[PDB]
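> Here is what each chain is made of, one letter per residue.
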Amino acid sequence: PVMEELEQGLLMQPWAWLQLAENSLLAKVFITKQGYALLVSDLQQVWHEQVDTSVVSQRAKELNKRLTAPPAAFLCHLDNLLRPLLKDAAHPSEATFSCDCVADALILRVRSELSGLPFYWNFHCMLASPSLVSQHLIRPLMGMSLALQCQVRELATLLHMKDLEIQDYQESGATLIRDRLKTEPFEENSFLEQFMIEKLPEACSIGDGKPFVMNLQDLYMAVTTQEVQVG
Amino acid sequence: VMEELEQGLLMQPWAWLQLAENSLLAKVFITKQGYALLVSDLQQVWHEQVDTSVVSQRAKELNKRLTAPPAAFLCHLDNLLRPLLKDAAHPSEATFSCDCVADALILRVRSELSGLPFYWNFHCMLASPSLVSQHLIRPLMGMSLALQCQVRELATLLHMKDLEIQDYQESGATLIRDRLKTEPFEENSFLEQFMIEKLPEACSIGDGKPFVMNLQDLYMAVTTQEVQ
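Here the protein sequences come in this chain order: A and B.
Counting in my numbering, the first sequence runs from 1 upward without gaps.
Counting in my numbering, the second sequence runs from 1001 upward without gaps.
It is possible that part of the hints are untrue.
[As the list claims (entries may be wrong)] For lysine-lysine, the following DSS-like pairs were computed, each having C-alpha atoms within a straight-line distance of at most 30 Å: (1) A:199 x B:1209; (2) A:199 x B:1086; (3) B:1064 x A:199; (4) A:87 x B:1198.
These are computed hints drawn from the structure, not numbers from a lab.
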């Protein structure tokens, strides 16, 4: 049950932006007293790591070599360090992050000052399985796109209703107090064509993933919750 | 050659394939120099790239007597497959089947040309993470961003229309029909209500048919922009 709980918690968690040394990553970490589950990406490859208590203790002793703490305390400290950075950027949490690409694995090194005290951790994230990356990125993104298309359709029909109201008002025999407020009739085809011609290049620019985690997280979380509830 | 095939595959839309009580999303690009195929089931993605030598050898192995040049075989395969992918429910005899190997997928297509059998097999191996990413993740994120921008623009237009309606009302001239009254538009309330009721049905990915039927043009535009 511990593994299932960790997987569910990771799935429910939203994406966050990590500013490594001269690089950027999209990270999604769920940490509980029994271990943690991390999923990192850079829009080109996705690495995953599910880690339990025994390996946590082994790695902590190997790295720190002088810190004697139980796995639960280590997990709690790691979660406390990581949460402020994921929640918001530019947080002076004193968490230096480094990335190493050796073989197909990824070494994510985190250094912190635990009350002015070195604290080192290393995520050995192997390549994510096709099923995990699929259910975490592809299906949720398709659901988000479908939901946004439905929202666009609802807005278009509401705009058509408002246009009909404006036409009825004009037919009633009334004139606007001003003239700048006049709005030309809304056409779905013309609006879509103009958008595609003009604003599509700017909107489509994902860049380093910051827009995705800035404007497409509430919808992503809702879609993921719906998917997990369904099955 | 290889670059041309990769670009063609990247610049093509997903098509729905129905076969043996199963559904797939397929992107196929054929050319005289070979073909590229990408098949997904929303759980795994398989990619295949075949050149003239491989296509000729496989055609000889399968069709024991279809003595044709590789270019002609590829052209016939394209002419037989593209009509189905472009539009579903086509009057063709292209029967499809899948065999799920431990790691590979055998996609067998059997059809009839001029009333004679025509067999072909795609031995699609699991697509590399880079290919799957570039083909699905980044374009999907671009589509989401574009749709969000469209929603924002529509909300701005709705706000302008609300301002116009308010200005009309302040003049004191009421409507002739009272059934056309629409309440003022509010982004927060509309978004909350939509998420409450229509989100479960809107976000129902299903077997992939709605994705192909709804927003393939946006996917193509996003992919073309990404290529440039």
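> Hint by hint, work out which the structure violates, then give me just those numbers in ascending order.
As far as the earlier hints go, only 3 is violated by this structure.
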